[PDB]
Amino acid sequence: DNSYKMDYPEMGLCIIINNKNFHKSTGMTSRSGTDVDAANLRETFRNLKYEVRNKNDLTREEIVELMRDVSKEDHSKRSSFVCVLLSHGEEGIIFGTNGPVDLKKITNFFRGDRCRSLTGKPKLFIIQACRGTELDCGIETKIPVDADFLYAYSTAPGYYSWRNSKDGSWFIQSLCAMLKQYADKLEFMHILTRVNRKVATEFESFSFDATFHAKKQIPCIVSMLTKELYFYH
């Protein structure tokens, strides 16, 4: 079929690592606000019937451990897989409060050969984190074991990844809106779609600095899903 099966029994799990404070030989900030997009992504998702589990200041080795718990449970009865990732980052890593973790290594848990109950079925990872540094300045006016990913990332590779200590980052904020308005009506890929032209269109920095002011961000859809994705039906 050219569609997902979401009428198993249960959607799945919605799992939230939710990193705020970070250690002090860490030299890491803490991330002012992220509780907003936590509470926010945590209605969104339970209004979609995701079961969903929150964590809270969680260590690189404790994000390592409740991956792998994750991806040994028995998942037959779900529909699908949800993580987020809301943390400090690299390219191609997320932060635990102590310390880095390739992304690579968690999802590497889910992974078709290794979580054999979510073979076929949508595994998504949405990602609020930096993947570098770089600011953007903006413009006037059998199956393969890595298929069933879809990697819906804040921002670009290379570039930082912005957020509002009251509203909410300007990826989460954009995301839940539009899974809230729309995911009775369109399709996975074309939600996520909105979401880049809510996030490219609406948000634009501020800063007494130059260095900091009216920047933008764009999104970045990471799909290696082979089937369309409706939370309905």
Contents of the next structure:
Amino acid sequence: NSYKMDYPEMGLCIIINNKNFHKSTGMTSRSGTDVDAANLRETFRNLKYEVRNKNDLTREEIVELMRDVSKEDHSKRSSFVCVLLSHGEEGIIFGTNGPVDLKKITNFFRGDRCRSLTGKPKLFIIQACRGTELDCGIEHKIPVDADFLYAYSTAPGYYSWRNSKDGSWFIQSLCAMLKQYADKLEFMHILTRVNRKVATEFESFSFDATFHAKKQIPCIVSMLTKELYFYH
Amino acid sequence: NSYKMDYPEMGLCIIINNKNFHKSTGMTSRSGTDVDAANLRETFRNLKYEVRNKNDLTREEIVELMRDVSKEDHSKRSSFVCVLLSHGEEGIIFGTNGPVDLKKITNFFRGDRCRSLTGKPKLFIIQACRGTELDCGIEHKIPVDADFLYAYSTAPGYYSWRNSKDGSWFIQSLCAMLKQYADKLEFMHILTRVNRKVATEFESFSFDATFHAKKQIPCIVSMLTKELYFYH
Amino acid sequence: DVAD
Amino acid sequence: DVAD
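Let me have the form deposited with the partner chain bound next, following on from the form deposited without the partner chain.
Entire complex below, previous chain first.
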């Protein structure tokens, strides 16, 4: 079985794009992030999502937006997609002025809260580190937290890589697989291909030996109860 | 695209079944866990796994077991499966005499640590609580941590349920689904069916009103790089 | 039903 | 190559 993807609209796709961090935070500029935001905006416009980009939001403005968006009438929408591009740590992503807990952000869309999205897939795509480990490579009543999917760019507790000129390994790979297979494969199958792509094709380059030649594996966290076809 | 599942052997399926705990832990006996241990053993025998059941292991007997198993030559084996049936909290499962970090167990099977499983699917199926949250319901080189799948019985931070008579909602469903579909579906697709089954068909019954009418949603975490089929 |  |  699979989700009803034939409502009037496919749903909205919010893209939070944080490139500039306050001097306070001691957080560098995420160069290449715009490449990603652009790539996503087009991939999701093609699958018929009403896209919206929000640039450099502070920890505060983020909760305001998610709160406002969760109160809109998603009745004639098939799903909801949220992309978070920023710096982060396990369970955390930074606003421009500081770190927001992701649990606080996703809770607005639980089935009990956003009744307009109950029974419909709520996708969260996240590009940001989930810690500081380095991978050196080798060789009817339903649960309120149901119908959620977390496409994480990296394994729990690890570094997530971004190229200053090409964007993040994960986002380039996600947009790539999405346009190559959204017309034929089931979502989980598209993400497994993304997993293999970032796993086999990338490897970091650096003059600083600590950050040179490091690998990465995205992490799919599925609580979906049906198969998701973008085409149906 | 698909993992090579045609090696001489499908692989090992280790089932760690912990039913009775030291009085110091304050952990109640896990009635019904025996039905789970049994159902799993028959299910994976039909899939041609070499099954090994271990009952009531101490936190140190689990580690020494995982370490010896990771030292086995897995050359002629297609995959590895490990099911942990026990009490738990986020990130930890209980040995008979105390808590064990999940990261300590899985680490023996890393790409760089277990060389005869590098590039092969490593499956960890976990039936255990992940916190005390209650769901009330509604309506070249490769990463060392690549090729892991964690089929958790519940969402991060929530309770996981078990029937003293029928066994855990999750293991009941996992086995039913695999009996029905293992010869037709890709693993992630079978697992999505388990999610639908536990989310729609099970609701807790309890004389203690705080534990009555509660829902559960399993949680698939995939770092797999290819599709997995138990048939050839 | 009991919790694990 | 930089990290997030």
